[PDB]
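Heads up, the chain below is alone and in the form deposited in one PDB entry; it's given as structure tokens.
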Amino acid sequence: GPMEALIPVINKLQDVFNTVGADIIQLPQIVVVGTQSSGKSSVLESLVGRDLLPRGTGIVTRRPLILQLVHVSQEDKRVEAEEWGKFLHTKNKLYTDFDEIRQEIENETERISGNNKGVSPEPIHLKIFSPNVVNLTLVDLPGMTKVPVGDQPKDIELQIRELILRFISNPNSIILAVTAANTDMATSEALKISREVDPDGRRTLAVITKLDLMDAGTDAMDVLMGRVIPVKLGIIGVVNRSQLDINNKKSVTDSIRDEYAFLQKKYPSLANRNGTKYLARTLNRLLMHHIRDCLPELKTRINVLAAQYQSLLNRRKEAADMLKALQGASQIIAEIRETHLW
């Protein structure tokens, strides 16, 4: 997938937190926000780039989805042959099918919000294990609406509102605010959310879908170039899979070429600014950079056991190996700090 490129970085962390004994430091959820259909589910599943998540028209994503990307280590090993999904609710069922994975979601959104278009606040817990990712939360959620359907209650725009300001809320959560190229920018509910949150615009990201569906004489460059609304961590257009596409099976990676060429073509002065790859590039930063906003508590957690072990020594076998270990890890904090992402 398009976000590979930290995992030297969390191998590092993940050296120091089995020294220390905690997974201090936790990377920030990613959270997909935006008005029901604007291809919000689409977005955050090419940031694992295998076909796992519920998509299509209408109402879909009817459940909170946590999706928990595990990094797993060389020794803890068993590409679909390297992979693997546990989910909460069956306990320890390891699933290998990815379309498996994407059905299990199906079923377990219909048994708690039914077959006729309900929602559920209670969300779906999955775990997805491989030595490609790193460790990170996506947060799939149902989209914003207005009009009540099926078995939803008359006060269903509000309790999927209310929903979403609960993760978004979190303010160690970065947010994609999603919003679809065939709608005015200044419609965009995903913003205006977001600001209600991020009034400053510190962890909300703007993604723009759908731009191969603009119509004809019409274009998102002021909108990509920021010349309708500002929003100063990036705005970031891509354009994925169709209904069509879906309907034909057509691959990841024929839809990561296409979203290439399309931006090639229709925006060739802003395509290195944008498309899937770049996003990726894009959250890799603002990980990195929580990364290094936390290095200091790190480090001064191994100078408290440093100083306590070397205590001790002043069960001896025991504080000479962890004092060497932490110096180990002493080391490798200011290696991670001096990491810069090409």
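Think of the rigid core as the biggest set of C-alphas that the two forms share within 1.5 Å after superposition. Numbering follows the first chain given and starts at 1. What changes on going to the form deposited in another entry:
In the core-superposed comparison between the two forms, the C-alpha atom of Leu47 has shifted by less than 2 angstroms.
With the core held fixed, the Cα of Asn18 is displaced between the two forms by 2 Å or more.
With the core held fixed between the two forms, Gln36 has its Cα displaced by under 2 Å.
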Contents of the next structure:
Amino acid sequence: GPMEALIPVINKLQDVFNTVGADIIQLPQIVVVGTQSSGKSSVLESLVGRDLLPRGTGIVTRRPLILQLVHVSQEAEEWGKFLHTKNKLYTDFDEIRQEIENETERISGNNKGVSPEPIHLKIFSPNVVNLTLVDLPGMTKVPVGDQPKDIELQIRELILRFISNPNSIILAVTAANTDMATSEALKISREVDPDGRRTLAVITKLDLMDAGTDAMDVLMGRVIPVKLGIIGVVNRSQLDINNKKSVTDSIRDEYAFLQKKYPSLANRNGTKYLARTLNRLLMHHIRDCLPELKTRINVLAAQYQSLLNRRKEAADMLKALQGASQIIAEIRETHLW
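Now that the form deposited in one PDB entry has been shown, please provide the structure of the form deposited in another entry.
Partners and other molecules have been left off, which leaves just the chain.
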């Protein structure tokens, strides 16, 4: 995946939490928000690098998906588990995707209905960090199929339920073939995050822009400024989905497209850059937990050190406390790519 960089950081952070006896902190949830069809599920699964989320035309995501990535230590290499099926273990990622669709139909029906009941999915991997990603239905305007008159408000409040959590990062997704000032994602992000401390803007579908136009002004922050960044991506077309085009090919073609059409900005756009940018934000959040961790170490070390003049297990736990203080310093000094 393009988000493996934090693995060694979280591994040593775990070591500290194990030593100090505390429960490890939770990274913020990464939540995708935007108008229906803006490319949300495509963006979110690109952080995983495995195809597991239903994507397509019209209304697709019809329940929240709480996708918990769970790091697997030494204790198929990758596998999935849904809460609703209890213990069934999925090694086939196409089957995982199909089960999301199955579960969605079971609760939301087979005629465009939307339910707030979340689907809980765990993906176990040695190549993922402990991180929760949240896929959501897109905002809409006119009820279709089974949807009630107030479907727009039902969806919007569903989204707010997730992004009003102060420990969430918002991926505000807007299609490039729409005017940025019409971004429903950015409007709603600014309601819960008025100062842009936890909103990252993603501009999808660069490849679908009208001839004679481009997203240069948008991507240079000259339309709507967004503090944490505005990152352009090119995910698979419906034709590509139908033809089962791989992630590898999608990424290669995305890179080529940016080099061809956005050469001056290409190194600050694309899916790999999105992943790196999210890593930096997650690291920022990690560094804010460290003072809390620090004070804990200092109290327990003074507690073990008063126990002096049994004698080995307190002596080497004092050694393990010392190691934890240095690990904290290392985390603070760690550079990511």
